[PDB]
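One chain comes next, on its own, written out as structure tokens in the form deposited without the partner chain.
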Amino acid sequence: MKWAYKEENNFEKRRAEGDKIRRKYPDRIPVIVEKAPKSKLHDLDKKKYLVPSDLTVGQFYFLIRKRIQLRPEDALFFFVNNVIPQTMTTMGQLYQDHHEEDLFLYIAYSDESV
């Protein structure tokens, strides 16, 4: 998978905003959300999210569902390093275990489970 946020912003600029957010906004998690390729869902205009660390993955599912006009009756899976996070996990625990060298957390969503 290729991320549009990396194709539009190099590491030096991504890292700079990451160091910036991590210092000035310590209780916030910089998350990059992008649709996985070969998926038939709606694409999100807003890719950069500044969610609080107390926010849970279940709550993040709800926020993303409202922006693609998807109902709970539809399939929606989050992937981080090809691993589906649990709903109880906080976005802060996701960041600590899964953030990249640019200090951003990358989440992909799809309608498939693979």
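Numbering follows the first chain given and starts at 1. Basically, rigid core = biggest C-alpha set you can superpose within 1.5 Å across the two forms. Shifts are known only where both forms have a C-alpha. Compared with the form solved in complex with the partner chain:
- Where the rigid core is used as the reference frame, consecutive stretches of 3+ residues with C-alpha displacements of 2 Å or more between these two forms occur at 8-10, 71-73.
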The other form holds:
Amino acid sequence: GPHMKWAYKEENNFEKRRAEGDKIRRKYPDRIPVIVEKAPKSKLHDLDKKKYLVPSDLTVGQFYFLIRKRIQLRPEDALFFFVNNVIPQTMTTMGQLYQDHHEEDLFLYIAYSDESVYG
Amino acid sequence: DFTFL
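Pass me the form solved in complex with the partner chain as well; I've looked at the form deposited without the partner chain already.
Up next: the whole complex, starting with the chain shown before.
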């Protein structure tokens, strides 16, 4: 996966992020709180919104299709997601990814890029 | 604020 500068983590320290994660997980327990950010140097559209609350049983594949619409991509342009710095399987649910890969602040972080392989 | 999908 790409080496990420997470703007959410640059702006907000762990204590602040954990408080927000705590709150949102109690308010919306069946939704996964996800922070989505673009890989540095990718020339894809930057998402206008980075914070999403996603149904737990939505698949990665279905999430690809929703994000694709929001970043104005064609069928010709490539889009790849990275969770825990690896590409998730398309049938995996957002709930399963959260269970396995949420950070200590209680968010799931997902990076996107037009490239699939990074040094 | 969070966006609901």
